[PDB]
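A.B. asks: Single-letter residue listing:
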Amino acid sequence: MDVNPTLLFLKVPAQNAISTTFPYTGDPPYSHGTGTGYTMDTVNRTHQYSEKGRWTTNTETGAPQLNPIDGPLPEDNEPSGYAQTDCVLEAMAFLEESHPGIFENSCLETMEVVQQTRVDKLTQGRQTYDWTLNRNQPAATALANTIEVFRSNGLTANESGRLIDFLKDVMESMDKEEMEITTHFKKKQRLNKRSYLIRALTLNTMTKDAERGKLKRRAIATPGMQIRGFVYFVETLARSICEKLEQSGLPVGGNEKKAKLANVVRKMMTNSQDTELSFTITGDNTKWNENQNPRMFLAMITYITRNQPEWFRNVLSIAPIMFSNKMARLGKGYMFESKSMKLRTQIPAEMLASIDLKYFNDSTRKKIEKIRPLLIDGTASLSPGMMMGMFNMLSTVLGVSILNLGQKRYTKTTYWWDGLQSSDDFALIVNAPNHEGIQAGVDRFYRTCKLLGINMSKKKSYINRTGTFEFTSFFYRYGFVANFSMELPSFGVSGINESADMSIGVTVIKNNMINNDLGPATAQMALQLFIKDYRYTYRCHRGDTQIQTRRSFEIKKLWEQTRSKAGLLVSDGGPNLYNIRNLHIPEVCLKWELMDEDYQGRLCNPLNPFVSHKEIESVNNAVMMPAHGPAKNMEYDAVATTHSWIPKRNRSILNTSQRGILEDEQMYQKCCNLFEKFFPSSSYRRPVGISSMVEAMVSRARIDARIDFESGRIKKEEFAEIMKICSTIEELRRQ
Amino acid sequence: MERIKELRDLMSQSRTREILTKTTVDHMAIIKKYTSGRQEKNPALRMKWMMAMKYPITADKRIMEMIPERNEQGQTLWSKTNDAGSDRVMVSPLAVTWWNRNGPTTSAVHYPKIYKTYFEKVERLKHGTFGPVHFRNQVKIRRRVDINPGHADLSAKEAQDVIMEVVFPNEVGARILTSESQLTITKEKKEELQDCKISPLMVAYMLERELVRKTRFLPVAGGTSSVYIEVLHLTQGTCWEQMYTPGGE
Amino acid sequence: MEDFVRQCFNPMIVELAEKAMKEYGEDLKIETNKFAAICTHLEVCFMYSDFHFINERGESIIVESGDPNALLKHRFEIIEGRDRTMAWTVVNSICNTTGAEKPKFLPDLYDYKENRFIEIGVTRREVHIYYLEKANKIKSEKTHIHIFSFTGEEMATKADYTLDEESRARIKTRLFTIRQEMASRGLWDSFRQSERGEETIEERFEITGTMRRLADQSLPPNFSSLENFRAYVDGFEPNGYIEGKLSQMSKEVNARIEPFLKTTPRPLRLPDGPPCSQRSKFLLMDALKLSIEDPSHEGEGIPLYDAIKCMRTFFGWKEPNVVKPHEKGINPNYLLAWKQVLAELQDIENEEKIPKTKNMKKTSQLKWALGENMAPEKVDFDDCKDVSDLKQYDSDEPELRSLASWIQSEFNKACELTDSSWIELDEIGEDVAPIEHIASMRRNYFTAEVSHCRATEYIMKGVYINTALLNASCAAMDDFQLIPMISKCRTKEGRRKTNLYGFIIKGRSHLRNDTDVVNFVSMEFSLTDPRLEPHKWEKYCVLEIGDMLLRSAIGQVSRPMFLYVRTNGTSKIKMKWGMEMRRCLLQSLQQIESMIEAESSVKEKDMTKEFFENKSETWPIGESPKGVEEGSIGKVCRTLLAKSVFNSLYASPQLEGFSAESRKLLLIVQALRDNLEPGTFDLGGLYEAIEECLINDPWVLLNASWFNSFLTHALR
Amino acid sequence: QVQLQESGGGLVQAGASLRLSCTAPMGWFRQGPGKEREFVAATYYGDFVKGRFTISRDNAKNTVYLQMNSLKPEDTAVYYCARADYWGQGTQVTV
RNA sequence: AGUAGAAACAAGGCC
RNA sequence: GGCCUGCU
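Note that the protein sequences, when read in sequence, are chains B, C, A and F.
Residues 1 to 185, 207 to 756 (the entry's author numbering) make up the first sequence, in order.
First residue of the second sequence: 1, per the entry's author numbering; consecutive thereafter.
First residue of the third sequence: 1, per the entry's author numbering; consecutive thereafter.
Residues 1 to 24, 33 to 50, 58 to 99, 116 to 126 (the entry's author numbering) make up the fourth sequence, in order.
There may be inaccurate statements among the hints.
[What the hints assert, rightly or not] Listed below are several chain F residues computed to face chain B (Cβ distance under 8 Å; list not exhaustive): (1) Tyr59; (2) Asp62; (3) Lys65; (4) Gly66; (5) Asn84.
None of these hints come from the bench; they were simulated from the model.
Backbone N, C-alpha and C fix where the C-beta goes; we use that ideal spot for every residue, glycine too.
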């Protein structure tokens, strides 16, 4: 007899055992080298899906741009980006009519937010493409570098501390004859108008790793800092709009998505009488981002912001204006090998414009030949369409408009449709009195989608009777069925620290028990395995064992020293008291009454040199990138113990010409620590104002010395010493 | 005394003097987050990879003057080589366990008073009474429920001023809290935590967690109470219901 | 008017007033009289505060110039002259230290004698109105208020004047100096009434310059300016434009539904080529175990001593010789490496105490076997351009290979029971709730079912091997290291036992990226002759190292005993994911527990015990030439565990792609079997998407064969 | 304090139509004797009433409507509007 | 050789 | 041969 697990589906329905079809127990695919090939392929594919448009050359950037809008209507089922302006404007108008007051309200709240938003909001972001160094750097670092360059060039309106003023300075920089940047190898280099325009309109391309569910790798993009404020405002407007649309599912979580899917299916099927047939289409959109033209987003926003202050319209329109002229950096480059001479070489992507094509294979040779005409200063113009879901929410708005355009008031026919859209994925429930009606409805829906630059993937889509469908790895079969294979990768040690890892593991087990219908015995097994892996990872074994490690000696002496050994934490080699009933309690508090007072005091000592807290945002928040989803943050319950240390940093900056960044880091951190000691609320509430550091610090020294004498340790001798030391630092700052 | 003294020492050197002079208060946050350290994409892989090194964690410089450089057999506990972009020094994990067996001891009696939420959870569970398990299909319907069982009927911003006035009474600014509920909360949490020396930031964070109301959407069947939702994993399942009554009731 | 503040007042005050001007964001060129008025207010604040000191008594000491001493206390300490944030900082600090009441507006000074605030304001109008005006602005105030006015008069409540009168003569002399100096200037046409409390501003975000031209190039094809396009949008109204283009659009743009029937789906085509080879990092079906029967636990013990003790338990060693060559390497190197390992093992046996971890010598043998100094040296392009052989890295579709029957048998025997327990679980909090007791009983049942399973043994082998390899790579980056493959089990009798499959030599492991490869050489004992399925051992070199005698009724077999030696490699990501193989247990048993719960939701009672003991119900878990064979729930547990283990062992992008694109077709087939009239828009496209994932991986090809068999058995 | 005023209701024959309006999310609920308060509509509608009743709104002048078509003997009850925390007084509908 | 698979590893750089 | 780094 030959064993075959798949035959199990002959008795258990597919959805009731779908977890077996998710090989999420092995290493996910990773990219190894350059992503330049993928970037070039994506650029060429985006440009050839809109080949029948019209070509122009921008007078500012001098780059060739392709406009397919209002182009010839498609005559085949292949992907097409020839969106029609009038059709999309009409779709938005019908969306407004079905939801009166949506645009005006959303614009009002967006106007409030834009005029009260601060610059620091831009620091709350992941890697961004700093143009000062032409590389990806943390959002805060890139923002600081750009602000420094602007201030050195004379653009100091951002000193007002307002994001709108920062954007005003950004736009004013566009009209400057010559800017100056700094490079280390420090050298001051001058950038002319066109070079700075291209550096501000460019995107950095990388390869996406840890992407499960496809054989081929893809490319993703990261924009600069000049354009992120406009993107933030536009996405704020789009989120405020989608929050008023029940057909959208992008700005919500997973459980809300499931609830809305259940509600829509029940509404569609229940209202349908015996005569009307119902069919569900589990649709995926092929080349979703490559076929969405930024000009059409400009049209949608300018229709949304009608009868609004002109400044609001301008600030919200700046973003799509820059995306329509966006450029993409090709990537890291290409690495060549010569086996005859036994050597390797790494050529940067910027040489692709001039480098001969003898080194490249046929596929890459043709890709380079096709993309060369669009190469301007080492970057390729990508006007026709978006690169990687930067305007997720606006795309969801367009999809929701398409979905609502079939409310049976615009169809003008017996058939009708509804459903749920989340960018690149949708479920469409279509009802009609007969199979011919369903066919006509789906055909018209597809045709209308093709008029908006949205394509339906026929290969990854199928239609059945309502009651069974899929949506973003959520399988609905007369009710959503748990999978538990999507969350399997999150059952190990997170990698934050000991206490954080313990709390995160127990909380993940608890949550997957609540949401993903994890069984009790399975949860106990998960707890046991997690504890085993945790002890084997942090070298913290039970203590009563003879497992020799680098940490087994101190742990054993602590074990033999303690009297009530049941109170020792698993991190210190103690027994595990966790169970299904204790999954919502931190380890420290669960073992508090069992700890010896000496060990308890040594553990939770504020003066410990290991605990370090930076800001209110990073107290008990851990960023865990979930499998098959975007990066997410979780609140984990933990007590600040000596085990809450933060791990070592990379330390490879020491071998790079960018070595002075560490000295600047140290000096900035010293100044920030001094300010915090002067202003204790610096972390919890970020200080605001327009004065400089030393003014506030010296003046508060004055006052605090005064009052702490009026009652406290200070003495006249010390108070006068502080006053004249303040005068000394004053005259020092003078010179 | 000291604080202004390292201030003067910083202003002595030209670079830090320039940083202090030209940098305005508003930019405080930016430069504080200014770092070359990228946020890790795969934390688990490197935590499993770094812990195999010697000196994998980081600690303040003060550790060099509280913990000896080596233990009884000579296993090193800390190194004097500083981190990449900080004055902290890289140290071995043993320096943690050492601190828990011969490090300085204090009076942790006030931690229960600080971490009110967690200890209240423990007390509620310790006095709970279980019941028979009933096996029948559960119609889990998804609903918006409040998870925090100690929220004082305050929002984030609404309680943020209360938290500042409780911890940072001088940086409150214009705000003087009007609602009398906030008055009593301030009085109680002021007299209760009058000399607690854990940290201002952690105290503020835990006060925010305790007082601020927070809500999330979850699949529930029955219950719906704040105390009954924290144990939602233990009382409700796919085909079984476990009757439970927390210690509070 | 600004010429006056150019002339008279000192710098300090003028820049203080200029920063106060910047504070609230209004411009000085439009209205300057406010600047002069508030700078005079600030000047009176200084001149009233300075020159006034106190000592330990009350009765302020007044000195025209502060002498060098600790006695420089200031009688009145200023509030204004600071930012709003700091003004409120001082207010709150004074309130919290003085125990006084917090005012709602900005004071100007604080004093000790009377322990309270002073709000100085000198207005153009006479005092006896401005005083009570600001008084009714401030609610129930105990802070004393004092104001002057140009005529020279003073006033205050309580008839209180807080310091010397010569200072006030100073104030009013300053005041009339101001007055009869404007007399020379001539400003009272507006000086009395120049500020009325204007607060208004309009936010301006103007597109101009280059950024405007960009806006003119981001419009539809037939538009010339953003102004015109916005006007058109504002004037646009729906007039049935979607219908017109829908009618005009070609009818070939359709989404016709192709019915999906029993005869529609065709079997997935498998690639053809040379048979598929073995990819695992260790032997799974052909492993052999040398044991000692020690009482130590899994992690307890020292590796090298245990390995040597286990190997000494076997007698019959022969001089090794080549049996099956690598066919691409230098087998004599493998032979010499094996003999070197034996020699150095003896060398450890001789000395005092077995080292916890041993380093081996870097001979040419393992230099070749571990691929040392073979990475091409990195150079610059400008120095290597004329080399004809210089080209890209080989980037093409992997070699095509057809499925072989060995993977099927390997999976078959990976789901079989064993004579040992390969899982020793940790401790949990004592169960207190009845649901916890039910969970514990279920867990005990599953552990009894799966512990005696080859899948669990493979899990432990992989976890231990990858953990040791990762730790050695991170610790001994430079020097080659010896690691014996160890796994500890427990017999039926209950006696604990150790097992030594072989050895692993780890090489240089300077791993920077998650994809960087660490090469090692693995040696494993076995009894399976490699002359029967050679195509499965394409990358192995197999020697003959001894003879084994296992008790059998046919005299005694005296079988040969071979050594499978190969060069393999891994990476940080692969090591990390292989050291988390225990979650296969989770996956499998979560699936089984979901089955049990779903069935128990029907009958209102827990159904675990009868499922595991009666074994009445069975699921299709394989096909025999007679037909489909069904097994008890325990066999399903073992089968799913083996499937998860093989997923973790043979993981690859092919597996992910095939899994997704075959789950799609499985859902379609399930819809067909449920009588839900399934339909497809392009089924050929889906088939081509599935078939492109099957290239050379044995596991994915076996999965595809299983899928074809399931289709054949289904659709009936 | 925001408050709701129902209008509409009256006697109506079996199979006939009514328009309710509620001046001030938004929902309509109804209550008879014998049983309890019953959810009508919020667009979302409880199954018993689908296709028969249409809830609609007009933000512009603070009003929510219930169009009730194809009325039945069982549709007799007091109809209430509500909003999110608040209720109106009621208007009786008798079919 | 080996790992791996649309491009890489099989140490890097600095003296 | 000596020393530096391992997400920069």
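A.B. asks: None of the hints should be skipped; say for each whether it holds.
C.D. replies: Each hint, compared with the structure:
With a cut of 8 Å, the hint placing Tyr59/F at the interface with chain B holds, because the nearest CB-to-CB distance is about 7 Å. Using the Cβ-Cβ criterion of 8 Å, the hint placing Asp62/F at the interface with chain B is satisfied: the shortest such distance is roughly 5 Å. Using the Cβ-Cβ criterion of 8 Å, the hint placing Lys65/F at the interface with chain B is satisfied: the shortest such distance is roughly 5 Å. Look at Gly66/F: its Cβ gets to within about 6 Å of chain B, closer than 8 Å, so that hint holds up.
For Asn84/F, the interface hint is violated, the least distance from its beta-carbon to any beta-carbon of chain B being 14 Å, above 8 Å.
Hint compliance for this structure: hint 5 alone is broken.
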